[PDB]
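Please find one structure pasted underneath; my questions will follow.
Yeah, one chain of the complex is gone here, protein chain that is, but the others are all in their spots.
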Amino acid sequence: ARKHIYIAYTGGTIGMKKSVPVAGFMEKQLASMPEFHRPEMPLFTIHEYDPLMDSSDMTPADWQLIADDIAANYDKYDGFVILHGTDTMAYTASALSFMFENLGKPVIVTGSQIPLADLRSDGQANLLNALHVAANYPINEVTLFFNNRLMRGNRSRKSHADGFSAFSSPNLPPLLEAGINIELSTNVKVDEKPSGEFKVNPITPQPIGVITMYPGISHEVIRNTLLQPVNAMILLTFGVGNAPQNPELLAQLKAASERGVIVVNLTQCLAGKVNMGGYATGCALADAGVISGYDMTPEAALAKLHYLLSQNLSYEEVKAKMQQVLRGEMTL
Amino acid sequence: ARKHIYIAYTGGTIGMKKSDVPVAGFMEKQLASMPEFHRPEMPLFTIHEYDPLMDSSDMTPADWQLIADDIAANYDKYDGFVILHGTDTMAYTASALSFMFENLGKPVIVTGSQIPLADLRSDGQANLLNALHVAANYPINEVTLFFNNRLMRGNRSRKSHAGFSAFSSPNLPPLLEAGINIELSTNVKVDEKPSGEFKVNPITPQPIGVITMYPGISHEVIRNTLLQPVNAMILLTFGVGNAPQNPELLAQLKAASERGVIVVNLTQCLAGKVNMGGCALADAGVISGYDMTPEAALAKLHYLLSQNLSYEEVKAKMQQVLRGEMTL
Amino acid sequence: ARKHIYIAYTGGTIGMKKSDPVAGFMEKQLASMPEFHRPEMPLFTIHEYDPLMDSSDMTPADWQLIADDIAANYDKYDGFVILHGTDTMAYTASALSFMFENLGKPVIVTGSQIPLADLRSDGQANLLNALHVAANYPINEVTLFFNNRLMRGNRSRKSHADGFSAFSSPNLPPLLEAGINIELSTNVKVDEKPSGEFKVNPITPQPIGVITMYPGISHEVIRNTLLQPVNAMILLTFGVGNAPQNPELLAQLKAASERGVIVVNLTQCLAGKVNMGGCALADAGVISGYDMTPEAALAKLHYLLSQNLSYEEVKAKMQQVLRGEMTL
Partner (left out) sequence: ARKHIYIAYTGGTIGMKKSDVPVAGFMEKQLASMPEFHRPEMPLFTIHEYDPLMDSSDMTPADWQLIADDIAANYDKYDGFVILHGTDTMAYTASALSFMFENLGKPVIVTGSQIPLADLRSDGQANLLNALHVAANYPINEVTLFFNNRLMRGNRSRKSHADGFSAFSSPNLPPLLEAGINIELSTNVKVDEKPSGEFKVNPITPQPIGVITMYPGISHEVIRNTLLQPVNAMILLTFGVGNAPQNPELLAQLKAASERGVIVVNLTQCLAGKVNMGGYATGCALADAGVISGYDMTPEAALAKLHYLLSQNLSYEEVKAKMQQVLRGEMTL
């Protein structure tokens, strides 16, 4: 009858022992909490990564590793839970969403503020529900579980870093709420069969410039950010996508695009969509070769350039692809 | 008995007309003659429409300076100031003015609207009304920002949405809540008196780097963003202020701070404090920006870099609370 | 393309002035604030009731008066706004919903906590949006408009009153929300056309007992509350509709129903649906009121008992959804 879920423990506070360190093989020993072993729950095999990943020290090499680990255990399990530290969890859910082509089993990224071995750990409900959702409400996407909500991976962001840290999906509601009862949202289908075959697209680190507009921002600052080896650039603009109108800035952008640098425009407001292309913001930035990133998070936007540039596609394809919806990262 | 408020209409969709919305020479002033604003329980107000109007997306520190001077010139003639502004860079202007003003002894409330005043169901109606009434009747002597029925401290505020435009104050409660009854927050005092003479400190554009950290971010792109003429660097890092261990990036921040570039550390998160300690970033000369918003840190750096100060002075003062812009 | 809306000022704070009262004809004198006399707003005719109704002294006779005034003007106008005092607003609106048959124009009940004539009256918005929503988003129901939401009349309840009066629809989302934008709910239809001639069914006062159940409540107390003339009883029980398993008490209820007393089971919780079937109350004759509000149970009972129908007809129609007042 039962399902069997694979737990990749890559790192994060969830598995540490207090007095506050990472400790070899402890997470597997803890998981003698009987609630993990009811017949209602699924079977789990756990793999502690070696070396264990510290979340702020991660790189796309680490993404590749996680990807590959999932690719190797793809056929052997019904679903997957990736334990991971909070700091760059959103970045990892995001990168994985695009690396996985035709994902047809659930992959759930989770973790905790408070190690699983302290009393009142948020890791308990987190792991328990991640396992349960993977088993009884499979959504074949990379998702991110936290705060009693399952959020689409490439839609999530760390909201707070506080006594109460949290993640939100500011431009898409959560796919599912883990309350007293589990409520699938409306736009969600359980166990969507994908078209073709599952494959892991590789990913190598990419020189991306990220740059926040601010009043009077100098074209020399922008210029500098666009020097080799930068192959892409995310502009964080005002409101529904307004940059300042100084000529020499727009010229620095235009020239960048003509050397083959992609320039994406995301808004700097938490919730919000860039509206380029006519009435809302005029044509200055489209004329300079800038493309709209829609309501994309910076995490999504970053992962998605890493994904496309890590292929061997022409400038114009990467460009075109940035602008189609590949894994629910954005609408329009 | 009666208060008289100065309304500077600097720009912004509130004073605009419907089209297919653009600007129309002195319509706010005519329009602002509907009876609710002329009422013995309201203050008197005078309005000055800026020429040329300012487009919010296109503002510079020289625009900051024009607003700051304009208040300076009218400081002694009014009980308070309301500055109408478009929403796109409202948080920046308000942050900016909080530092330029020294010993502010009268409310300055920056507000605006997402729908022009002339239209049905404008939010600008209630924003201007409560702004005025608050200025007059609940005067907080700071630079403040009023939107979505709340007054926030100006240098704490952040445009958070962009079809229901909202401003939040993520790391500090609103100073005041303007619902059916006006409710002031407990850590807030009315008409706190200034201890010295009110002054405007100038502000000029500074070439500040604002880099966002991401997994595997290369030292070479960081290097590029620290080239001349950059004089200060805001790093947006993860969580409680964690950066990547990698030596080659650290070495590049240290090099930058050693040649006199201010490197400040803020969190990417909508709320939370950087907490630095044995610290890689501290050793490389990076300083904590605690819980400041990006708008605040950017305003503070402009303020300080536009004074005639040494590197160690700017560095020491960026870590002291100057206008309530951060805690710790 | 301009609609014409009838405003019945039945009474309430919205039309008054301050003191340490209401004044004859002040409302209509107030209504000349230019925001109402603009082409994007409907035209209106206001009627002040003489005498003016006090919300807390209302009776089913006052309901009938309101219903007939609306009947008398039904063909003349495009939609109707009823101004009313907050205390029993939800009662009136629930009542009207049943009394009106084949309603084909909107009827919005509203008022305010502060008189329209004072600083920062909520009356302004409520009256502006009521009118605007009747004209531009006509929903052919008796609806109730407060706190920026249009709720179904027979679903609404006054949740707070102190210095922040408020209404909620705890068991049905608002039909329409009035923020900066108007947002309709999904299963709401704009101007749904009715299938027959609009008529008003009459209402008369009925002796309904309400019993709030508590631990140890005595059957003797229950019996006295069921004495003639009571012809119906609303029982407020616990959780999903649970009563004590006390047989003397259960015996008192069955005697009542044996004599022709309709007894309905409602929950004590603000949000909640009764869920009954061998259920001991069903065998006692008690029927389910599902998720009805107390105001809806009462309105529906007056409506049904005022048509002098059989006990079995009243009992059967209580379990049928007549006006969207309950989810089965």
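As written, the chain order gives the labels A, B and C, with residue 1 at the start of each chain.
One rule holds in what follows: a residue touches a chain if its C-beta (ideal position, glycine included) is under 8 Å from a C-beta of that chain, and two chains touch if they have at least 3 such contacts.
**Student:** Can you say which of A:22, A:23 or A:41 touches the chain missing from this structure?
**Tutor:** The one listed residue touching the chain not shown is A:41.
**Student:** Among C:23, C:119, C:190 or C:227, choose the residue that contacts the chain missing from this document, as touch is defined above.
**Tutor:** Answering carefully, the residue with contact to the hidden chain is C:227.
**Student:** Just name the one of C:190, C:269, C:279 or C:282 that touches the chain not displayed here.
**Tutor:** Only one of C:190, C:269, C:279 or C:282 touches the chain omitted from view, namely C:269.
**Student:** For the chain not shown, which residue from C:240, C:255 or C:279 touches it across the whole complex?
**Tutor:** Checking each option in C:240, C:255 or C:279, the one touching the absent chain turns out to be C:240.
**Student:** Which of these touches the unseen chain: C:48, C:87 or C:141?
**Tutor:** Only one listed residue reaches the unshown chain, and that is C:87.
**Student:** Which residues does chain A use to touch the chain missing from this display?
**Tutor:** 33-35, 38, 40-41, 113-114, 119-120, 122, 125, 128-129, 132, 163-164, 179-181
**Student:** Could you pull out which residues of chain C are in touch with the chain that's been left out?
**Tutor:** 55-63, 86-88, 91-92, 158-162, 165, 205-212, 214-216, 218, 220-221, 224-227, 229-230, 236-240, 242-246, 267-273, 294-295, 298
The rule is short, and it goes like this: only the chains that are shown with their structure count from here on.
**Student:** Round to the nearest whole Å and give the separation of the Cα centres of chain A and chain C.
**Tutor:** 49
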